[PDB]
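Q: The lines below spell out each chain.
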Amino acid sequence: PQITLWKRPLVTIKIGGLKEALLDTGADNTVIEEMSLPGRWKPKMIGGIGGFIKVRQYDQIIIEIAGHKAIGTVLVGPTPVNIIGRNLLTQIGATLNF
Amino acid sequence: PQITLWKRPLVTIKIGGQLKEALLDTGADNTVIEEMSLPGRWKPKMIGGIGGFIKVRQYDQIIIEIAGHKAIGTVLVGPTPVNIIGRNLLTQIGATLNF
Ligand SMILES: CC(C)CN(C[C@@H](O)[C@H](Cc1ccccc1)NC(=O)O[C@H]1CO[C@H]2OCC[C@H]21)S(=O)(=O)c1ccc2c(c1)C(=O)O[B-]2(O)O
Ligand SMILES: [Cl-]
Ligand SMILES: [Cl-]
Ligand SMILES: [Cl-]
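Residue numbers (the UniProt record's numbering), protein chains in the order written: chain R, 1 to 17, 19 to 99; chain X, 1 to 99.
One thing to keep in mind: the hints can contain errors.
[Claimed, not checked] Computed footprint of chain R on chain X, listed as stretches where at least three residues anywhere in the stretch have a Cβ under 8 Å from a Cβ of chain R:
1) 47-53
2) 89-95
[What the hints assert, rightly or not] The list that follows gives simulated cross-link-like pairs (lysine to any residue, SDA-like), each with its CA atoms no further than 20 Å apart:
3) R:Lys7 <-> X:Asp29
4) R:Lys70 <-> X:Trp6
5) X:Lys7 <-> R:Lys55
6) X:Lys14 <-> X:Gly94
7) R:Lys7 <-> X:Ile72
8) X:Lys7 <-> R:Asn30
9) R:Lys55 <-> X:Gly51
10) X:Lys7 <-> R:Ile93
11) R:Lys70 <-> X:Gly94
12) R:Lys7 <-> X:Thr91
13) R:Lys7 <-> X:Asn98
14) X:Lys7 <-> R:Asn98
15) R:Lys7 <-> X:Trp6
Hints listed in this document are in silico derivations from the structure and should not be mistaken for laboratory results. Ideal Cβ placement from N, Cα and C applies to all residues, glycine included.
Let the sequences and hints guide you as you build the complete structure.
A: Listed below in structure tokens is the structure:
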């Protein structure tokens, strides 16, 4: 698809068996609100406007992003918005065009 | 151009005659720049980021060039970790996401 930027670029994702998430070229990584995921994890600190939060880093997680499957690392914690970052945007072939 | 996302989508911007590096950020509603001098009056704005809500200075109708594309619009000044070009200016330059 081609997504304009008049509004937040929100899409439906499927992760761990549905959520709304922001397609975010400004995020290196994907950050999802509190949920359970299978497998091992390790703690991580991530930061930006307003400071840092603690998240759990799960590796090799499959996500369906607007119908496109991708696998990669997902961070879980108290983010105010679910964010799809570059680590998964690349896998669905997303580009910014102007 | 067509910008892939294997690296951070950093560009050069020009604002107040000076070149700066900034990140093209589809996850930002607003353009936020590190502390600098801009002309005119400003208004208060609260924005909510990953770590919580903060106060910034809102300057309207600011001339800014982004990767060579001329824009004129709202620029927020405050403690941001990197300069971010948000959707208010990405729309001015005609940017879309494509997959
Ligand atoms: C700041 C930027 C360089 C980085 N971020 C993405 C940015 O797109 C956020 C995404 C976001 C959107 C809504 C709410 C919270 C966060 N947008 C934002 O702050 O936008 C502001 C400006 O406009 C306003 O509208 C929206 C909020 C206001 S991040 O989330 O802080 C972030 C994401 C991933 C990682 C890290 C930090 C890190 O350290 O490691 B990491 O794992 O790679
Ligand atoms: Cl990854
Ligand atoms: Cl590619
Ligand atoms: Cl604007």
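Q: When the hints from earlier in the document are held up against this structure, which numbers fail?
A: Hints 5, 11, 15 not satisfied by this model.
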